[PDB]
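**Student:** This is what each chain is made of:
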Amino acid sequence: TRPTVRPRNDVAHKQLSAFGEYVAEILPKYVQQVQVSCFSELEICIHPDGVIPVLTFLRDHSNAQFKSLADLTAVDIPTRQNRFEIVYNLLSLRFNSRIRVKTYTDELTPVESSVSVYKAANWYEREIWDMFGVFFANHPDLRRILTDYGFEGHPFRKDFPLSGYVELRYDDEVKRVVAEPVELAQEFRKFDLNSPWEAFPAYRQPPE
Amino acid sequence: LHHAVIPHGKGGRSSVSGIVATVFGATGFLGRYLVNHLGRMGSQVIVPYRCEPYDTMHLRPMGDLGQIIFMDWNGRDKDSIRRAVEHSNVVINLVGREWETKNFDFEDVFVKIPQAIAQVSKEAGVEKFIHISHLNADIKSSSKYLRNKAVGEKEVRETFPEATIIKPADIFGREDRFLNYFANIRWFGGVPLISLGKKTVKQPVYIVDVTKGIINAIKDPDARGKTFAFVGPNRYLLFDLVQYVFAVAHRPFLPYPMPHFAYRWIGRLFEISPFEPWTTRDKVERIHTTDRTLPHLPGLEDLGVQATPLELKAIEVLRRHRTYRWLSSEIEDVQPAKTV
Amino acid sequence: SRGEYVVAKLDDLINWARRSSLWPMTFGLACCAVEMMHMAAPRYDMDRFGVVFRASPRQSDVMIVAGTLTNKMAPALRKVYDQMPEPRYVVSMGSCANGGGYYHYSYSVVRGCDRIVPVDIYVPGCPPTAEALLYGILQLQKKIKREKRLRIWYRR
Amino acid sequence: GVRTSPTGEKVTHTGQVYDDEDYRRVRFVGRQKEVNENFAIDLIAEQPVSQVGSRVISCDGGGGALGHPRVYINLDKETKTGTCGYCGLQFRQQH
Amino acid sequence: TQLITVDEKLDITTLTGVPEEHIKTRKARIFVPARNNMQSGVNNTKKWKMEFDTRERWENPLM
Amino acid sequence: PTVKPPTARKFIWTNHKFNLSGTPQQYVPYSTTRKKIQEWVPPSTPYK
Amino acid sequence: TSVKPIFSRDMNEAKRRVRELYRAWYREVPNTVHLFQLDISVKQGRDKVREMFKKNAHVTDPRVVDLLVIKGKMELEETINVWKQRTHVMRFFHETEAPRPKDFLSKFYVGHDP
Amino acid sequence: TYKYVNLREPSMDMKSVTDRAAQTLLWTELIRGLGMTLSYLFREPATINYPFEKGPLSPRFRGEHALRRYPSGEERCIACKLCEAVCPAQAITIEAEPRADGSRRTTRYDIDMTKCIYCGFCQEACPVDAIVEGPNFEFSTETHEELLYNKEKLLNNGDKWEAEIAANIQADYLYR
Ligand SMILES: CCCCCCCCCCCCCCCCCC(=O)OC[C@H](COP(=O)(O)OCCN)OC(=O)CCCCCCCCCCCCCCCCC
Ligand SMILES: NC(=O)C1=CN([C@@H]2O[C@H](COP(=O)(O)OP(=O)(O)OC[C@H]3O[C@@H](n4cnc5c(N)ncnc54)[C@H](OP(=O)(O)O)[C@@H]3O)[C@@H](O)[C@H]2O)C=CC1
Ligand code: SF4
Ligand code: SF4
Ligand code: SF4
Ligand SMILES: [Zn+2]
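Each protein sequence line maps, in turn, to chains A, Y, W, U, B, V, H and F.
Counted the way our numbering counts, the first sequence spans residues 1 to 208.
Counted the way our numbering counts, the second sequence spans residues 1 to 340.
Counted the way our numbering counts, the third sequence spans residues 1 to 156.
Counted the way our numbering counts, the fourth sequence spans residues 1 to 95.
Counted the way our numbering counts, the fifth sequence spans residues 1 to 63.
Counted the way our numbering counts, the sixth sequence spans residues 1 to 48.
Counted the way our numbering counts, the seventh sequence spans residues 1 to 114.
Counted the way our numbering counts, the eighth sequence spans residues 1 to 176.
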């Protein structure tokens, strides 16, 4: 396993497990799950109601000092009743580390905006409102940032199709760019590429 | 019915409509609107062009890929016409000129060319032929335009018994020469008229209504052999029409009497320009000719097209001629004219 | 006839003047604009051929659609093309400005700039190189050279 | 070996030709239909059958790594010649 | 308490941006997909799938 | 190619053609497949 | 069944917000007619506003109508400033799409769709 | 492992202050910039004379697509559909059927050049070296549908550029 297999880091794994226990025992009110991946990354799955009291802690505690917000992301998984998964990525320059904080919400329940913690999120979660529909309560300016001005629907949802329901073309009668229902000249050919044989036995879910 | 002619889809840009239309003279105003209406349905349009290909460039975004086929043609060459119409199933004739040039007179445009096109379309097996003429076309008319148009209509009816002849009254639009002409008289002086233009009655028609009527007549199997008359909903006098045009354009309107014989004298002065003339004697004759009423001819209502009144599109046409002072005034800030 | 020769020579003169003094517009969207600037680099030197960028559409001859024309951008491109004085030419370069390229099936991408503006020359590639874009410019010059404006005006 | 349709159109090696009543021939009037006059079936029919003195043969198409994957062809049947799946070359046992 | 009582059924039909033509005329199918009989693996028959009915697909005039 | 000529083949063109776009000899795209569905032609004899 | 509200504790506050949004749109329509130089009357814009408001008239959920009010306020803000073009404003009036067949017979004539 | 860019402290002595004041009142560094432009005026410009002087290229260059043949006349493709399965922009459409002599050959092979991104996945996923990316890049058209290549256009391009494609493959086949 020397020349091909990626080398394993165990000191970082032990340190991240210890820090995960530290964070979980400091905040038992909001922290639900703490996990460490095989490539030494820490995930703290928390309650949405503790979006603010957790993050400021990681921003302000002397042992965390996660002063940088790298990426704010959302994941749409339709198989759950709370289909939206908001993920914060934090970078600590003082202790030279990275952490991940995960929370869940559905379409209707709003979650508290973290513009009072990191101001970069002032744009970032706004992007989520453009593409997932997760309303962020207590925001200074929440509107569309990437889609068209008259666009309807959230494109990055999984039930939204690849091509939209409308398309733009120039009409000389009204001298204007008009929107019409889409008609693809060639359909996007959907390919069935899933192998029917089991690949990884380590991730085998138990049967019902 | 060949399998390539069967319609498919939802009638969009990329659908198949099963209409193969040869629009003669499609590089103009009515031709532009007809090509736009045909192309958005997913139709194969063959455009024979006489002018520069650059002027045909605006006809390129008008349909999907491979739907508009441009080709050269000559009005006095039947071989190019047979090359153009040999595969189409509907041929539409929009060829016309408001003036007489050196090479072509009114007989060469309204008599010989439509007759040749109709004869070639008949001998090539085209099932639908549609011709565009004028509503006031008559043999005894003073203007050579209407005389030659009536003669060409008679010849087209004789050589093609299934030809649908369509007679609009006076079409206005963004690229017309009816409302824009009235808005451009103001450069010369104080818009003279024959006896103030209080004796001639006109009912102009919107361009999109005429285009939808032509499209429906193409789609109508019961429209073959008829002679439709496309007219507007309200009949106006000429004086009130010019008054409404200048009120929408927000220009001063100061008419003055001017005799009929002196109008043609200066009307022929503008026609000696080698380029496109501003006005001719024939334009003066056709402007001061009252629109005849023919209730026996079916109109736009019998083709399922509602006539759009002039009050809804006059501002859209004439907003180009306003100054900066009254460019932002709304549609409702004007008094509509009185109809008869 | 002598008039035919006169209008032919005048057409040749005006086509030479219009084709040897092309003034494109500084208008890029994406990668293909970087390749356009590399065509403006000292190696290929578009200004040898009279091709010089102009910032305003009112003092420009051609427009080179270099990049992806999205749904939010198409009215701006249409207005910019409308504001250019006649005669006006459009050169579509790159796969994005031709048929959508990588993003043909995307929800917010116009599948080619032909749907918005009339196009004279289509330049294929991703990106089409500066040599290829210069070849397309020379092809546009050849297309302008064989124009027949005054001859058709004399015939009409 | 390109045959000509009664309409004057050329027929491709696939056999595609537009019908007499097909409107899509408007795409060809004033222009040309691009077809290839080097038919692969006629050119591969001119290749002679190679006589070899082995029960099985190995074919790679020639050129080594510039050809097709190497396959093995059995030549037990004497009535017909074993043909390569990729290149189309046919071999025969000389016995 | 910062909580309210909602007793009505869920309805996100007016928020998803889908036109009504693709709401009231579509018929979804929820099924475990059938195993491919040419193969022998059973890993493709583990998760339920939602699919939609097939509409009209026609041939392009050009290509 | 004067000192290192390419390998000659039977199918290689002996006459090079430049860019033919805009000329009557330009390439026109078309489908290269035959008709899929064969329709039922009615008989040419009346039932009487 | 206890959920987290967005803006309205019950239906009354939500319909009050709907009423205020309708008042704001009705006041805003003549300004968007004047500035965008549209060729339509003010009554046409106001009846289009009424049609768009009555399209969502069957919603009986406070959170859904709260999100609808938020989206309507966003569109109102986008049209007070000229961020929408003439095309974006005129896209509410489908001037280029032909009316689809309505009854069963015409839909049977023109295609396979139900 | 780091350097303090722009933290140098200026001097104070009378000679250096007089030098800075003279540079202020007489514009020395502006003259330095003028001298650098004057130096660049007298160099050889790097402009090549197109189209008589083409820019340098490489044998690995990716341009127009072509279909090759075996050195007996037979076309190389056996319709395995790897290229259309690996094409990221779905520019390749393949339809196949058994022909007269029972050989697995294509009937439709369409490449949309306006969809193609010119990345060479098809030329590297082809097991029989059938599809290649030739070195031609001067093939711009005046019409959109002329960039929709069918099988006949690709075969004609292969017959047109085989004498160069074979040499390029012979040059670059040992790196693959
Ligand atoms: C009855 C008889 C008289 C009838 C009336 C007509 C009078 C004369 C009208 C003007 C001249 C008409 C002919 C114009 C040129 C026609 C031939 C042509 O196009 O030649 C092309 C050639 C360049 O070829 P090119 O394609 O660029 O080559 C690629 C380079 N590797 O081009 C060249 O080599 C250069 C061409 C130069 C043309 C003449 C110079 C320009 C015009 C000067 C006079 C007018 C303007 C005066 C000043 C105005 C104010 C600035
Ligand atoms: N005022 C109106 O709009 C009304 C018009 N009509 C009739 O409707 C028809 C369409 O009108 P419209 O398009 O606006 O008129 P235009 O004069 O604006 O356009 C005429 C079209 O036909 C072509 N054409 C004209 N004369 C000839 C010729 N001798 N040989 C070949 N092509 C020719 C023109 O091409 P090119 O650019 O090369 O000249 C152009 O494409 C005409 O017949 C007109 O008489 C009827 C009632 C009212
Ligand atoms: S065609 Fe390719 S290089 Fe050009 S803008 Fe599109 S992705 Fe970039
Ligand atoms: S080069 Fe890439 S994008 Fe182009 S056809 Fe080949 S695989 Fe597709
Ligand atoms: S990868 Fe090669 S052999 Fe396979 S289908 Fe494509 S061109 Fe043919
Ligand atoms: Zn072999």
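If you are wondering where the hints come from, they were derived from the structure by calculation, not from laboratory data.
Heads up, the beta-carbon is just placed ideally off N, CA and C, and yes, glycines get one too.
Keep in mind that the hints are not guaranteed to be accurate.
Said to hold, decoys possible - Only pairs whose alpha carbons sit at most 27 Å apart, straight line, appear in this in silico DSSO-like list of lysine-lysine:
#1 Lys3(F) to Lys17(V)
#2 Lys72(W) to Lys158(A)
#3 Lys84(H) to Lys71(H)
#4 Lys175(A) to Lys338(Y)
Said to hold, decoys possible - Residues of chain F clear of chain A, computed beta-carbon distances all greater than 12 Å:
#5 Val17
#6 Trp27
#7 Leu57
#8 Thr93
#9 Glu97
#10 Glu124
#11 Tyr173
**Student:** Would you mind marking each hint as holding or not holding in the structure?
**Tutor:** Outcome of the hint check:
Our distance criterion of 27 Å between C-alpha atoms is broken by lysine 3(F) and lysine 17(V), whose separation comes to about 61 Å. The straight-line distance between the Cα atoms of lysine 72(W) and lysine 158(A) is roughly 22 Å, inside the 27 Å bound, and the hint therefore holds. With a CA separation close to 15 Å, the supplied pair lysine 84(H) and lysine 71(H) stays within the 27 Å bound. A hinted pair counts as satisfied when its Cα atoms are at most 27 Å apart, and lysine 175(A) with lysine 338(Y) does not qualify at roughly 31 Å.
Under the 12 Å C-beta cut-off, the non-interface status given to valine 17(F) relative to chain A holds; the minimum distance is some 42 Å. Every CB of chain A lies more than 12 Å from the CB of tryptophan 27(F), the least distance being 44 Å, so the non-interface label holds. With a closest Cβ-Cβ approach of about 33 Å to chain A, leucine 57(F) is found to remain outside the 12 Å limit, as its non-interface label requires. Non-interface status of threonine 93(F) relative to chain A is broken: a Cβ of that chain comes within 12 Å, the nearest being about 8 Å off.
With a least beta-carbon separation of about 19 Å from chain A, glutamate 97(F) lies farther than 12 Å from that chain, consistent with its non-interface assignment. For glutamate 124(F), the shortest C-beta to C-beta distance to chain A comes to about 19 Å, beyond the 12 Å cut-off, and the non-interface label holds. Every CB of chain A lies more than 12 Å from the CB of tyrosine 173(F), the least distance being 27 Å, so the non-interface label holds.
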